[PDB]
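Undergrad: Spelled out, the chains give:
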Amino acid sequence: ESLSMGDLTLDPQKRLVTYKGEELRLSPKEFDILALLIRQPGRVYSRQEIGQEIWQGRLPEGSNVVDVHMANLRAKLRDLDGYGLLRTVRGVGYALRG
Amino acid sequence: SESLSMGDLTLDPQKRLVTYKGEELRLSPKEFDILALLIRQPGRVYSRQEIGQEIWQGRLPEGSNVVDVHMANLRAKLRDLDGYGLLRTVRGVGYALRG
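Heads up: the sequence lines are chains A and B, in that order. The authors' numbering numbers the first residue of the first sequence as 124 and each following residue consecutively. The authors' numbering numbers the first residue of the second sequence as 123 and each following residue consecutively.
Possibly wrong hints are sitting among the right ones.
[Unchecked claim] Label-pair distances were calculated between CB atoms; the ranges are: (1) B:181 <-> A:187: 27 to 35 Å; (2) A:176 <-> B:164: 16 to 24 Å; (3) A:136 <-> B:194: 42 to 50 Å; (4) B:211 <-> A:129: 27 to 35 Å; (5) A:162 <-> B:201: 32 to 40 Å; (6) B:145 <-> A:207: 47 to 55 Å; (7) B:207 <-> A:124: 20 to 28 Å; (8) A:141 <-> B:126: 39 to 47 Å; (9) A:202 <-> B:190: 36 to 44 Å.
No lab work stands behind these hints: they were computed from the structure. A virtual CB, placed ideally from N, CA and C, is assigned to each residue, including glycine.
Looking at chain A on its own, in the form it has when it is part of the complex:
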């Protein structure tokens, strides 16, 4: 079935997401990103988490792939009056080397 969060309703099987009943015309990766973020609303997904979940980590160092898709996603949200829904949050991470 569809999952609703605020005025967003997302149906992964139909590849259909609406904001206040109007279809968000997302690219496939934009849709995949939004379907990830809606699963735990307010959870901050880091760039590399989104890169891992949505691209299997197959993004080269120094690419802007995640950010450019996030920026396009937010624009599409704002176009349907979905202001303040997608946030960019600076944060902290940890990595193991060997």
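Place chain B on chain A using the hints.
TA: Here is chain B on its own, set in the frame of chain A:
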């Protein structure tokens, strides 16, 4: 043969055993879990939020220092075994969706 090896670090998820340069680390359960998460992909930066999600069930109150304290302990224990620069803390960017 269930264990993971990254450089001089070997982590066995079944035995919950970690050695560095052959010597067993004495770790708290969540310190072991941190290493078992981070070793899954050497160099992958795991955010504090996903460490919270993966290891604290997503229920770390804002202002808790427990991740910080465990990271400091991990660094100290690696340094004790001649392990420097293994655990990196780096700032980054994330995205969150609210309704």
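Undergrad: If a hint holds in the structure, say so; if it does not, say that too.
TA: The hints, checked one at a time:
| no. | hint | in the structure |
| --- | --- | --- |
| 1 | B:181 <-> A:187: 27 to 35 Å | 33 Å, holds |
| 2 | A:176 <-> B:164: 16 to 24 Å | 18 Å, holds |
| 3 | A:136 <-> B:194: 42 to 50 Å | 46 Å, holds |
| 4 | B:211 <-> A:129: 27 to 35 Å | 34 Å, holds |
| 5 | A:162 <-> B:201: 32 to 40 Å | 38 Å, holds |
| 6 | B:145 <-> A:207: 47 to 55 Å | 51 Å, holds |
| 7 | B:207 <-> A:124: 20 to 28 Å | 49 Å, violated |
| 8 | A:141 <-> B:126: 39 to 47 Å | 43 Å, holds |
| 9 | A:202 <-> B:190: 36 to 44 Å | 40 Å, holds |
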